[PDB]
Every structure is written in C-alpha cells, then in structure tokens.
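**Student:** Take a look at the letters that make up each chain.
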Amino acid sequence: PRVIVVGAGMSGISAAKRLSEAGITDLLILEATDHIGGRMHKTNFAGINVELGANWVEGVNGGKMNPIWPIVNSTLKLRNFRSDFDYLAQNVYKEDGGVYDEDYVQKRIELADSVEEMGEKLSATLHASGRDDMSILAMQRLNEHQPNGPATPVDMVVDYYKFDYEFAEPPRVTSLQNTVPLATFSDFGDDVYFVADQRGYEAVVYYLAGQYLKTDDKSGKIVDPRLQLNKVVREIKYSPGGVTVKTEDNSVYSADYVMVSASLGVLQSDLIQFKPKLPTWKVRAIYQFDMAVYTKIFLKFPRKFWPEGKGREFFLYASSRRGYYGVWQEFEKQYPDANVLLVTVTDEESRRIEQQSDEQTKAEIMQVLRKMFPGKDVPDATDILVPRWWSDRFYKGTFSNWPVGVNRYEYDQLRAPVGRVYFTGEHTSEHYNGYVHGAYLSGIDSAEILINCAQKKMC
Amino acid sequence: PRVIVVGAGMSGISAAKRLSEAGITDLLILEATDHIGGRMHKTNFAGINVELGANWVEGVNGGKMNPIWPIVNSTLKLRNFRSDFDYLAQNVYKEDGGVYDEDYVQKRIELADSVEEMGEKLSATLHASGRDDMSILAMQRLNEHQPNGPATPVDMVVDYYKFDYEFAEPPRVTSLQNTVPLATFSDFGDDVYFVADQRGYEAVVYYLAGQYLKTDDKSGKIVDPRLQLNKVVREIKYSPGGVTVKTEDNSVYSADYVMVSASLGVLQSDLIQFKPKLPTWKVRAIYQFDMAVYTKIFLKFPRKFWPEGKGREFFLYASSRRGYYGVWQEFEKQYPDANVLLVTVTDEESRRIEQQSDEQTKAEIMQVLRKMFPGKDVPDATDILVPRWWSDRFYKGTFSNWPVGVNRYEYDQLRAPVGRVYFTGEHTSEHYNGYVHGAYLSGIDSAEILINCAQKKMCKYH
Amino acid sequence: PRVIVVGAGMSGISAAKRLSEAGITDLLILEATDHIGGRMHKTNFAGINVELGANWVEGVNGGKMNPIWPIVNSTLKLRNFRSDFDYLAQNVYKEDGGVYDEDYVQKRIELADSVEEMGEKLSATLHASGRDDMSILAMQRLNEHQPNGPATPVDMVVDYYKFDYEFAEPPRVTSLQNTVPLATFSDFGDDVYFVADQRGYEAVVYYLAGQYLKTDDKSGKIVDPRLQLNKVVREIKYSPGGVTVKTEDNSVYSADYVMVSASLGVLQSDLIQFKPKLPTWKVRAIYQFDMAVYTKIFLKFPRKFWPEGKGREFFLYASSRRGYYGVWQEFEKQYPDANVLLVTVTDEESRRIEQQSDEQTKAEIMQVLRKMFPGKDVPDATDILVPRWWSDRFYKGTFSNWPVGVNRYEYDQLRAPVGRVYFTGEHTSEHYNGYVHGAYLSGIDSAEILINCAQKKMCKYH
Ligand SMILES: *[C@@H]1O[C@H](CO)[C@@H](O[C@@H]2O[C@H](CO)[C@@H](O[C@@H]3O[C@H](CO[C@H]4O[C@H](CO)[C@@H](O)[C@H](O)[C@@H]4O)[C@@H](O)[C@H](O)[C@@H]3O)[C@H](O)[C@H]2NC(C)=O)[C@H](O[C@H]2O[C@H](C)[C@H](O)[C@H](O)[C@H]2O)[C@H]1NC(C)=O
Ligand SMILES: Cc1cc2nc3c(=O)[nH]c(=O)nc-3n(C[C@H](O)[C@H](O)[C@H](O)COP(=O)(O)OP(=O)(O)OC[C@H]3O[C@@H](n4cnc5c(N)ncnc54)[C@H](O)[C@@H]3O)c2cc1C
Ligand SMILES: Cc1cc2nc3c(=O)[nH]c(=O)nc-3n(C[C@H](O)[C@H](O)[C@H](O)COP(=O)(O)OP(=O)(O)OC[C@H]3O[C@@H](n4cnc5c(N)ncnc54)[C@H](O)[C@@H]3O)c2cc1C
Ligand SMILES: Cc1cc2nc3c(=O)[nH]c(=O)nc-3n(C[C@H](O)[C@H](O)[C@H](O)COP(=O)(O)OP(=O)(O)OC[C@H]3O[C@@H](n4cnc5c(N)ncnc54)[C@H](O)[C@@H]3O)c2cc1C
Ligand SMILES: *[C@@H]1O[C@H](CO)[C@@H](O[C@@H]2O[C@H](CO)[C@@H](O)[C@H](O)[C@H]2NC(C)=O)[C@H](O)[C@H]1NC(C)=O
Ligand SMILES: *[C@@H]1O[C@H](CO)[C@@H](O[C@@H]2O[C@H](CO)[C@@H](O)[C@H](O)[C@H]2NC(C)=O)[C@H](O)[C@H]1NC(C)=O
Ligand SMILES: C=C=CCNCCCCNCC=C=C
Ligand SMILES: C=C=CCNCCCCNCC=C=C
Ligand SMILES: C=C=CCNCCCCNCC=C=C
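Protein sequences, first through last, are from chains A, B and C. Letter by letter, the first sequence follows residues 5 to 463 of the deposited numbering. Letter by letter, the second sequence follows residues 5 to 466 of the deposited numbering. Letter by letter, the third sequence follows residues 5 to 466 of the deposited numbering.
Treat the hints as calculated values from the structure; they're not laboratory data. Don't be surprised by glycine CBs; every beta carbon is placed ideally from N, CA and C. Each hint should be verified, as a subset may be incorrect.
[Stated by the list, open to error] Dumping the calculated DSSO-like pairs for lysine-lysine here, alpha-carbon to alpha-carbon at most 30 angstroms:
# : chain 1 : residue 1 : chain 2 : residue 2
1 : C       : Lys-300   : C       : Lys-111
2 : C       : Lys-464   : B       : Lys-125
3 : A       : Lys-314   : A       : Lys-304
4 : C       : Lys-366   : B       : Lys-68
5 : B       : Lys-300   : A       : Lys-98
6 : A       : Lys-366   : B       : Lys-125
[Unchecked claim] Derived Cβ-Cβ restraints for the label pairs, each shown as a range:
#  : chain 1 : residue 1 : chain 2 : residue 2 : range
7  : B       : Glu-99    : A       : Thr-29    : 50 to 58 angstroms
8  : A       : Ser-190   : C       : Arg-176   : 53 to 61 angstroms
9  : B       : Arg-325   : A       : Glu-363   : 31 to 39 angstroms
10 : B       : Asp-117   : A       : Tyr-413   : 26 to 34 angstroms
11 : B       : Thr-248   : A       : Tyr-413   : 29 to 37 angstroms
The shape of chain A in the complex, shown without the other chains:
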C-alpha cells in the first residue's frame, strides 16, 4: 500500500522506517520545514551549536535499556555528560542577593522529596479507571495536611524544579496517577545525559532515516524522493477507500493511508483541515490533553561572573513570583570557555515571553542576574536566543503533558485511527509521552497498528 506520512520528526521517520521494514516502501514523507528532526533541533549561538529543543536522553542506567541511548552513546557516540543534581541545596539564590543556607535548603528538598514519595505510594493504589485520580497539588495538600502546596519562594522554586522543569506545567494541573511515578525513569533508570555534540541530538533522526532512505554517497545528504521537505499539509480528505492530502503549495497527493505525526498542538490548532471532520470522540480527546511549552533562553556574556566548579552546573533563583526565570544552567563542561548561561521558563511565562521582544526579555533577565550577583559587575549579555515554539505553527508547543481529568482510556483515544487516518508522535506514546524515546517508540507502535490492519486485515 501507499502511505503518506505527515511530518519528518522522530516519530514520522521512525514509523516510515518500521513500515519499510514490513515491506511497505511506497511511502511519501511530507515535511513542512526545510529539514527533518522536528523538535530535536540545533542552532548556532555564540559560535556554537546549542539545542533549541530536546537536549537530554532521559532514563539511563536502569532495568531496561532506553532505545535511544545505545544509538547516542555507542552507534554515533555523540558527546554527552550525566547531569548531577545533587548539589542544588548549595545553589538556591535569594530574590535579593546571595544564596540561602545550604542546610535549610536541603531540608526543604527532603520534605518535598518525601511528599512526592508518599504520592507514589498513593498513586499505586488508585483505580485504573481514573475515578480517584487527583492533581499532584491535591496529593501535596493531603500529604502535608495544608490548604495549599509549596508557597514560600524557596519552597516554590524547589517545587518548580521538581515538577514544572520536567512537565512544563504546574503540579495543580498535572495528573498524579499518570505522572507519579513516571515510567521513563521507573523503566529505564534515574540518570539523564545531556547531549553536547556539534552534530546535534538530531543526528539520531538522520541516522535512522539513512537506514532506509537514499543518501548521496559524497554528501551523505538524503536524496530519496520519498522525502519531500517544505511540504505543508493543509488538508486531509479520507473515505473508506483511500485518502488525498493537499499541501500549502498546491500539490495534491493520493494514498491508501495517511499517518499523521504533527504535534498535539498542531492538531489542536486547525492548521490541517480534515474532511470529513474528525468524529467528536476524537476531537474531545484531542482538546482535553495538554500541549506544554518549555522555553530555553540562551545568553552569552563578555565575561563570566557566576560560580564554576563542583555542583555549580545547575542553580535556582527563588523569586516571590512563581516560575519567574527560576532554573539556570552553566556549561563549564559542555561548552568550555563560551560564557553562556541557559535559563528555562515554561507555561504562562513562556507565552508571555514569546510575545515580547528579545531585548525586553534580555532586560528582564539582566535585572534578575544583577539581583543574584550583587557583588559582581555583571555585564549585559551580548547575545540572547529565545526559541518560540508555541508561536511556530508547525509545533504550537514543545511536548504534551497529562492533565488531571484525562484517564487512560481517553488518552488512548488520542492514538486511535479514524478510518484510514492513523496518528503517531510523542502524545500517542503509551507510557512515554513527552520524550524523544516516546516519539521513537510511538512511530513503531503506530506503524505496527497500520501494518496489521493493512496487511493482515486485523484492525
């Protein structure tokens, strides 16, 4: 059968590979941008390539092997380092200057960790139907016996590092049942490894694609005509007998099936019109799940003014405004001597920031840094890079997050095909939504579902 795959991110390339392995080689991959890789994507900043999207292989060293790890660490050997979060208690900055006492902070972290552990015990006892689920915040209130969760600046920043920095939305919106504990770490292991290689974390996608798509023997560039870049799909028409896909440039293509891999945000946006309209059950499951936004703001300075050394890689700023420029990282190992800092924001701060100029964002950040390092002469940053994933029509966010209210059955409806229209992508990953390995395994699983239906008539 002929199958059109919409999108050449990790899931689309992964699904097309699996299909090709089943012998379905009459594929046509239509990608909106001028390149493959989607959310795994590097860029030049301050004369070095940094990741705008995914940056870590998460879940390493555990009971099962994360399928992405071997490719990154053995097949391609991309340069990488295990992140160590053990010294955060020594690096929490006060809103007005200097760090807090490490012992006080270590005890707040312990209290937070302990509450989360009680939440893991509780989650284990909830019903599979989801009828007793609750937000992580409700679990925090119950376990601490209070009418509110973390509320002082230090407790809030600790809370934000533990939850929002992973999920990109606050604990009060997040499903406890479906995030605590999290399968990625329970299955693959607790460590995470930061990829810092000039070829980019995206190399993994190019490696996979080259195992079945044709590449130039000199270039190494993909030249297979089954891959067409700059093809923005805007309409998908389907019937019991086949499908037609129209692109923004006016091309029109036909196939027996279409495998949609565009992000959940794209599907919530209407960029692609389905005709007929997707059924209500599908539409509701789509709008109930969340597409989160995690913004990596890179900054480059004329000189270093922050600490370097053991345990100095990650540091937090405890603002009285929750989530305001709170989580920082410095790259003494990754980008020795570059004078770059990375501050991450999400959700509401991400949408506000994407809406204002880089200069204005730079100015707000300089004010925070100056409060943090009152003893230093802090130079203004020389360059800033603000990724605008939520504003980009081909992504509309960075990764899905599971909200309280959606149960496993409704989440599974996200994966479900509609006639001949199949779906894949990180938001269809059975237990790894939000991750690169989740996009990868989702392409394989979605392809298998289509192969069984198409080749064995077992749908």
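Following the hints, put chains B and C with the ligands in place on chain A, whose structure we already have.
**Tutor:** Just chains B and C with the ligands, lined up with the frame of chain A:
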C-alpha cells in the same frame, strides 16, 4: 438532645436557628473569635466601614428568590446597589496607558461569552457521576480550536474577569460541570447587588441569630449564654454514645451531637483534632476540594484621578502578566467623595501578597496606576488595606472552589456526617458552594439531617 | 427530588411505582393520551373488547416466574388461554385453496426447527463483543447449505410464523446472537397465554398504578393529581442542575430529573425536542436499533365459514408473496359467538396497509379468504379494525427488534442516561426487549439507577 455548633458564621447561626425551630433548644454555639458573622465581616478603612469578606448578594431577580435577598433588601434595608457590568468594553486599560478601543474589546468579550455558552451545552450532557468532567480551560480550547485558552493581554483580563473574579482560581483548575452554568445565577437570577451599609452585610447574621438568641433590651447585643464567643474548639471526641468538645482555654463540654461549620480551609489545616481520627475516605474528600483566596485590596487617595460616570464603576488593567492587579472598582455611589479604589487579586497573587508588606504591595500598585493614567498626576495612596484571609487560622482562605478531579460522590463524602459529628458550611452546599446563600441553606440542610437522626431516628445518611 | 415521568405505559407506571417505594413521591407523570396503559390497550369491536396491542403473557411455566404471570393469573384472574401451535401442519392453506397434506407440512416444520436448533448452538459460541454476529437468514443458509433461506410458499409461511410473527421483521434483518435462543422463553418458559378478558390486559397496569396513586373510593378511578393526562411533552431542556419540560398545551414544568418512557419509535421521530440536542453517541444508538410494527387486523362476519375444532385456532395462508395476510387466528375459544377472525401483518405490509383505507384493506382480505376457502360462499366482512400504531405519533411502531449490526454495548447505550435525563421502556430492557414483562422490569431497573444517583449520590458509570 444537646447539640454543640462549632462556629457562628452564617451556616452555624443558620443551623442553630433551624434546630431551635425543630425544638432542639439545648444548644451551645462555640465561636472562635470575639464576634459572629465569620466571612461576612466589615472593618474601618480610612473612616468608612468596608467589607473585608462577602460584599454582594449574588443571584437576584430570577425565577426563584435568593433567601438572602429579602432580609437585606426588605427586612433590614441594608443600603445596596445593583452592579452594572455592561460597560466594561469602554474601560479596559492598556499595560502602558490609555484604554483600548471599545469595539475591539467588545468583540473579544463577545467571543469569550460565546465559548462559555457553548460550554454550558456540553456541560448539561456530561455524565452525572462527574467522571467525564474537564476543566473550563479544556472546554475553551475545544471551542476556540487553539492549544491554549485566552493568551493576549486583553483576552486574558477578560477571561480573568469572567472566571477568576468569581471563582478565585483559574479556569484550568476549575470544574466545567460544576460551574458552567452556575446554579446561583440559573436559579436566582443574573443580577448581583453590592451591600454598602455601615452596619455591614453581617447584619444579616445578627438578624437571624436574634430570632432565637436572647438579646439585651437597650443595646440589642446578644446575651444568651447559649452563644459563647472567644471559644476556639481544638478537639472533638465522638463515640456511639455522644461527643465531647474541648476548647483552647481548656473548657470541656458534652453533647449528643456536634455540628462543625468551620471552613474547608480550617478542616484542611488540622486546627481541630478529631478523636478518633476521621476516616480516610473523609480525609481524602477534604483535601481534594479547593479552598480559594480572594483578596480585596482597598486604597485611599488624597484626590481622585480616575474617571467617574456612567459605566465607570468597574475597569480592567490588561497586564501582560495574567491576573496582575487586573480588576478595579471605583465607589462613586457607595462611598461618594471618599477617594477610595478597590483592586481585587486571587490565588497565586493573593498568596504572594499576603506574604509581603502592605508598603511593598502599595508601591507595586502605584506603578500600575501611573501606567494606566499617565496624563494625570497620580498621588501615592495614603492608606491601604490588604485582608489576610489565607493567613488567618480561623479561615485559611476565602471560599471553596470545585476543582476538576472531584466527582459527585467525592463531594458527597465531603458533606457526610461521621457518627455523631455533622458538617455544615458553604463547602457543603450541594449547588451553591462559595456563597452567602449557600452557607445559609447548608446550615438548614445539615440541621435537618441531624433532626431526622435525633427526632425521627432515621440515622443512616445516603 | 422531583421527577417528571414522561408516559404512563407499563414502564412509566412501573418506574413511578418503584420511585414511590424509595420514598421519592414528588412525581409528576405526564401522559400524552387520555388514558394510561400505552401499548396495552383494548377496544370495543363487534360488541367485544379485543386487544389492539399486547395480547399474550409470553414465557410461562419455565424455570423462573414471569413477573406479569401472577398478576394476570392470580391477583386479577384475567380470563386466559394457553396457545397451542402443535396443529399447524394440518392448517396451512395453499394459495388457491385447500390445506396442504399434513405429512408434507410437518416435514417442512421439522426441518425449519432443526435449522433453528443448530442456530442456537452456533449462537452460544459467538464472541460477546458481537463481532461475529450474523442475521438469522445467514445462519439459515449456512445450515441448509443453500443460497437463500425459505423460498417456496409453504416454507416461507412457516418461516414467517416462526420469526416475523414474533419479532415483526424478517430473519434477514434480525440479529441471530441476540434473538436465538430468546431469553424470555429460555428464562420464563416456552408457553404463551392469550388474555381474553373484558377488563383488558391493561388491567395489569391499572392495578400497579392503584398501588401508589390515589383513586376515587367509589369510581375506583385514579384521581391523584400527580398523574396528568392529555399532556403531550414536546420539549425537554436540561442542565447540570435540573430539567424543564414543556407540553404542547403550553404548560411548563420544572424538576430535578426526567424519566423518558416514550417508545423508541417516538424517540426516533422528532416529537420531543431535547435541548441541548442529545449527544452523538446517544443519537446513533437510537437510530441503529429497530422499532418494528405488528398490525392486528380484526374482521367481523355475518356467519362463520372456516373450520372450528381441535387444532383449528391458528392457520396459515401460504401466499407466493411472502408475508401477505399469512397468519390467522379464529376465536372459537375466546369469543365463542363472535364470528371474528384476526389476521396479523407486520413490517412492509403494516406500513402499506396503515396508509390505505379500511375498505381497500377489507377488499384485499376478502380476495384472500375467497381463495383459501374456494368451497365456501364467503361472506363479506361487515366490520374491520385496522390498528395504526406506526402512524400514531405517540407510538410510531409496536415494539423494538434487535437488528444485525448492533452489539450489547450499543444496545446498552440506549438505556444510558444523558445528564439528568433518564430513559426507560421495553427498548431499554436488558434481556426482554419487545415484551410487556420487559416494559415492567425496565421501569424498575431505570428507577433504581435514578434512585442510586439521586439518593445515594452514586451515579453508576457503566
Ligand atoms: C393459573 O391459575 C389456575 C387457577 O388458580 C391454575 O389452576 C388451579 O391450580 C391449583 C394449583 O395446583 C389446583 O390445585 C390444587 O389441586 C390439587 C389437586 O386436586 C385434586 O387432586 C388431589 C390429589 O389427587 C385431591 O386430593 C384433591 O381433593 C382434588 O380432587 C390439590 O391437591 C392442591 O392442594 C390444590 O388445591 C387447582 O385445581 C386449579 N384449578 C383450576 C380451576 O385449574 C393454573 O395452574 C396450573 O398449574 C397446576 C400445576 C395444574 O397443572 C393446573 O391444572 C394448571 O391450570 C394456573 N396456571 C399457571 C400457568 O400458573
Ligand atoms: C524545548 C524542548 C525541550 C525538550 N526536551 C527534551 C529532552 O531533553 N529529552 C527528551 O527526551 N525529550 C525532550 N523534548 C521532547 C521531544 O523533543 C519530543 O517528544 C519529540 O522530538 C517529538 O517528536 P515527534 O515526531 O512526535 O514530533 P515533532 O518532532 O514535532 O515532529 C513532527 C513533524 O511534523 C512537522 N509538521 C507539523 N505540521 C505539519 C504539516 N501541516 N505538514 C507537514 N509537516 C508538518 C513538523 O515540522 C515536525 O518536523 C523536548 C522538546 C522540546 C521542543
Ligand atoms: C473575601 C471574601 C469575599 C466573598 N465574596 C462573597 C460575596 O460577595 N457574596 C457571597 O455570596 N459570598 C462571598 N463570599 C463567601 C461567603 O462569605 C461565605 O461563603 C460564607 O460567609 C461562609 O459562611 P460559613 O458559615 O460557611 O463559614 P464562616 O463564615 O467561615 O463561619 C465559620 C465560623 O467558625 C469559626 N471558627 C473556625 N474555626 C473554629 C474553631 N476551631 N472553633 C470555633 N469557631 C471556629 C469562624 O470564626 C467563623 O465565625 C466571600 C467570602 C470572602 C472571605
Ligand atoms: C400490536 C402490539 C402487539 C404486542 N404483542 C405483545 C404481546 O402479546 N405480549 C407482550 O408481552 N408484548 C407485546 N407487545 C409489546 C408490549 O405491549 C410493549 O412492550 C409495552 O406495553 C411497552 O410499554 P412501554 O411502557 O415501554 O411503552 P408504551 O406502552 O408505549 O408507553 C409510553 C407512553 O408514553 C406516552 N407518550 C408518548 N409520547 C409522549 C409524549 N410526547 N408526551 C407524553 N406521553 C407520551 C404514550 O402515549 C404511552 O402511553 C405488543 C405491543 C403492540 C403495540
Ligand atoms: C557510554 O559510552 C562509553 C563509551 O563506549 C562508556 O565508557 C566505556 O565503557 C566500557 C565498558 O566496560 C569500558 O571498557 C571503556 O573503557 C569505556 N570508555 C571510557 C572512555 O571510559 C560509558 O560507560 C557509557 N555510559 C553508559 C551510561 O553506557
Ligand atoms: C429593594 O427594596 C426596595 C424597598 O422596598 C424596593 O423598592 C419598593 O418596591 C415596591 C415594589 O414594586 C414599590 O411599590 C416601592 O415603591 C419601592 N420603593 C422604592 C423606594 O422604590 C425594590 O424594588 C427592591 N429591589 C429589589 C431588586 O427587590
Ligand atoms: C533533565 C532535565 C530537565 C528538564 N528537561 C526535561 C524535559 C523533558 C520533557 N518531558 C517531560 C514529560 C512531560 C510533559
Ligand atoms: C459579583 C462579583 C464580583 C466577584 N465577587 C463574588 C465572589 C463570590 C465567591 N463565590 C463564587 C464561587 C466559587 C468558588
Ligand atoms: C405468541 C404470539 C404471537 C406473536 N405475538 C407476540 C408479539 C410479541 C412482540 N415481542 C417480540 C420481540 C421483538 C422484537
């Protein structure tokens, strides 16, 4: 039967009134503070009494009469005014000065309203168990077809005005099925009346209490020994045979039953120790419902610099920071010539603000005001009042809000009695949680359950 | 809670009775016609009351007691007769006259019955999801090894008697899995008893109604104002908090819940407007199930011309046109001096006949009877009664039938409530759709689900 009622806010006074009516007059009302009324409470601000807590009679002029309305508007004649929100579109300020064009704003308001109406239709069809509920935000996404709800400055303050200003928590955390549409408005009417009387909205509670408690002939002060102020209940021991209640000053009282009317926030804080410990099912029901916080910040100025006139009562500040000093009210009718303004904040901003000085909050507000009225000479406020309800141990918030995740049966577990211990209060109102009328009706309903057990020997709950 | 019950047929009355027993007595039953009983309804014909709708208590003498049986045979002692179909082989008339040879017909019946028995065995092994279901006709081809089901006149009329005369649609549309074997007979017994009493089979419903509705001490008539006749519901508005129902006479009623007992056929028609519209899942379940039509044409003649005697009660006409005036009943036992015959038609023929005049129908029937009894001087019938259930807007058919294509899950979606809107009626009976006992039991079942939701706050999800 002797019954102890913990708390003399509206639901406790109302529950005690109903018991007394059923002839259960061997009552003891234990109130933590030095006064009755609870969350209906006024205070002197710069020379005028303003309400720290409830301020409106909400739900008036509809198909059924809100029971609070006749007392306010006819029995006591408390001075009051209908709030008119029809002119908001002419009163939305830009982050950086001046108002937006009216027609531009009106269209955003009309789109917001249309999404909500579409949400009311969805809501009516959801399974009664609450199992298919979703947040108000999810419904907005569905209806606007976007991966986010309102996100530009003007659409966000319109959203805040429509939802946070009523519920005190954002749409994304709030239950669609239980708040859209809202029974208070569907049943009692769409209008709301702001009480602005020197005697305070709490006069309604003093009135009900007086229908059954003895009062001093000249002062009208309640003197009945069945009401005991300054008595904070710290422990409730209950058994098959009865209950014992201990206060902080060590008093100990016994009764056949106890009716607890302390807020959900108090129950979530463990101020009262139950012995034996409440059942796990009850404990979980308590923690899963939300106790919201709504902070009315009052400001007094040496002279006026904002507009007055038709449609000027309410105005919004479209900050690029959602919920930042967004909803303003000026008092040309309520407190004429006092030069007072009221900005309301909720939730995360309330918690932040209660934790810092009033001077710091006043200076943040002066920057906002000077940005809104750049052509005026905006003098610094000479007085400010920041109510700290979340910090007050006898309240721990302002009113409950039904979150996504709590279902119908879980809400019933929140109300359910445990042995001889009954619960009452706005958080136990089936359809009016969060309101003065919900506390009033919840008092009568809880009392009736107790009366059935006590007088009809029908002791099984649901 | 206040509950409005739409319709006073067996299920509405049965539901209201069960609610009343749970103590829910604030009920309002709105019935479209001027009487209760619905599809159980008698009429005077030829000076005798005959049944226009149900006439048998089906499923008797089995392992479990059909709940209607005791009311009929013991509490009311309605006059009744066991129907005996054992002599059919002696009473099959050829298209042009005279009966076929008994031995020949018995052989054809024996074959039809053995193909059905093989269908029951196949049915038992089909997957519960309904994925392997097939029509009864497909099972017949498989078992007979032929490219068609019964196709000669005698085989066709035996087939119509065995299936259409029960289900009111042909084997090719009927689900094998859900009708062969049929629960009513497997649970309650293989016998059937024809009710022939002047008080009517509807007395069963009048008896249940009188157990909780007030009746005049003299007239015995129901006089409870909770029952209101001539109220045609045309709109049902519902929200998360209650419902409003408006009747064609323009009255408007309000309640907490509504229990809809009108027929599937009425729900498929547009008689009652739901606001908001019912959800797509619900509307699809409604239109996928079938509402069949079974038309009992009674004829009165001036003298008898057909045989009377052992085995003569039921006879068949083997027309070469399937289903054409094929199953007849003579009433020597029931109405001995009447001279009345009953011919039953269903489905396509019922729809055709309801649309033409009684005179044209009578003329068609006289041509058939004159061909069946060529040796007799057949008199013209002097009266005929054609019931028009499909044309009646308050019924739109006679009883639901389960078609191939619908599985249990989808059938259950017919019974499922939508918010505060509940449904009851024979088409919601878990295992006895199409019968009086099914209507009766569905009323109790539906009521209990509403009682758990409303009283116990436990709204069952599946
Ligand atoms: C619907 O109702 C009718 C009416 O009520 C049923 O018929 C009545 O059923 C009684 C149930 O058995 C029946 O019973 C009794 O009769 C026996 C025997 O009578 C004589 O024989 C005795 C022993 O040889 C002798 O000792 C005695 O003196 C008599 O000569 C007696 O032992 C029982 O104690 C009892 O009184 C009635 O006679 C009968 N009346 C009529 C008018 O039919 C009917 O029942 C059906 O089922 C029973 C099992 C029996 O087969 C009936 O004949 C049959 O009609 C019932 N139908 C259903 C389907 O429920
Ligand atoms: C800022 C950020 C940080 C993250 N951090 C990490 C991390 O450190 N580790 C980790 O494991 N995960 C992380 N993630 C998550 C991870 O990157 C994603 O889960 C994964 O890459 C998503 O792959 P996908 O194929 O599902 O979707 P995508 O990569 O979005 O691929 C979909 C493709 O479809 C294309 N497309 C969209 N619309 C159309 C259209 N109309 N027509 C044609 N093509 C279209 C897009 O251009 C894209 O190429 C991060 C992601 C981001 C963005
Ligand atoms: C800022 C704010 C704004 C609001 N706006 C409005 C509005 O405009 N309109 C509206 O309808 N509603 C509004 N509400 C809600 C309304 O005020 C409440 O729903 C209602 O007043 C609550 O009455 P209650 O009896 O349930 O609780 P409470 O009024 O809290 O009464 C409980 C009583 O128990 C006492 N107590 C607590 N712990 C103990 C103890 N351990 N022992 C003894 N006594 C104890 C407390 O002091 C209090 O008197 C608002 C409330 C607030 C605070
Ligand atoms: C011709 C025929 C033969 C049958 N043969 C038998 C048999 O022998 N044995 C057997 O067991 N079963 C048989 N049945 C089926 C059995 O009669 C029905 O299953 C049963 O009586 C249906 O009861 P109900 O309460 O579900 O519906 P109904 O009896 O239809 O009750 C619904 C009530 O709703 C009223 N209504 C409709 N629309 C409105 C409105 N808009 N507003 C208000 N009220 C409204 C109707 O008037 C009616 O009274 C037969 C039925 C018919 C019609
Ligand atoms: C990631 O890959 C490196 C490289 O292959 C691993 O470091 C090698 O590991 C083997 C295993 O016994 C040694 O014999 C080599 O000497 C190692 N090379 C170096 C430079 O130490 C490393 O352990 C890998 N990490 C994970 C988590 O797999
Ligand atoms: C609030 O109370 C005032 C006080 O009685 C009401 O205004 C009276 O209303 C009756 C009713 O139609 C009149 O006959 C009186 O003349 C009115 N008095 C005045 C001063 O106008 C008023 O309608 C009430 N408002 C509401 C919403 O009930
Ligand atoms: C390590 C580290 C720092 C955080 N970056 C992890 C973001 C991965 C997003 N996936 C989460 C799932 C969801 C929602
Ligand atoms: C009118 C007006 C302006 C807003 N003040 C009313 C807050 C009443 C709180 N109860 C809502 C329910 C919940 C949660
Ligand atoms: C006995 C006899 C004669 C046939 N009359 C009974 C009709 C009962 C209708 N219900 C069957 C279910 C279906 C569909």
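**Student:** Hints first: check each against the structure and report whether it holds.
**Tutor:** Against the structure, the hints:
1. Between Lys-300(C) and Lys-111(C), the direct Cα distance comes to roughly 29 angstroms. Compliance with the 30 angstroms bound is thereby established for this hinted pair.
2. Between the alpha carbons of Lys-464(C) and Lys-125(B) the distance comes to roughly 22 angstroms, so the proposed pair stays at or under 30 angstroms and holds.
3. Distance hint between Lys-314(A) and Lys-304(A) is fulfilled; the C-alpha atoms sit about 22 angstroms from each other, no more than 30 angstroms.
4. The straight-line distance between the Cα atoms of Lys-366(C) and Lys-68(B) is roughly 59 angstroms, outside the 30 angstroms bound, and the hint therefore fails.
5. For the suggested pair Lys-300(B) and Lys-98(A), the alpha carbons sit about 29 angstroms apart, so the restraint of at most 30 angstroms is met.
6. The suggested pairing of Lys-366(A) with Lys-125(B) is violated, with an alpha-carbon distance near 45 angstroms, which exceeds 30 angstroms.
7. Under the hint 50 to 58 angstroms, the C-beta atoms of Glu-99(B) and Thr-29(A), about 56 angstroms apart, fit the expected range.
8. Taking 53 to 61 angstroms as the suggested C-beta distance range, the pair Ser-190(A) and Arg-176(C) conforms, at roughly 54 angstroms.
9. Judged by the Cβ atoms, the range 31 to 39 angstroms given for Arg-325(B) and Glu-363(A) is violated: they are separated by roughly 18 angstroms.
10. In this structure the supplied range 26 to 34 angstroms holds for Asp-117(B) paired with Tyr-413(A), their Cβ-Cβ distance being about 33 angstroms.
11. At roughly 48 angstroms, the beta carbons of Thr-248(B) and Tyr-413(A) sit outside the given window of 29 to 37 angstroms.
Consistency note: the structure conflicts with the earlier hints numbered 4, 6, 9 and 11.
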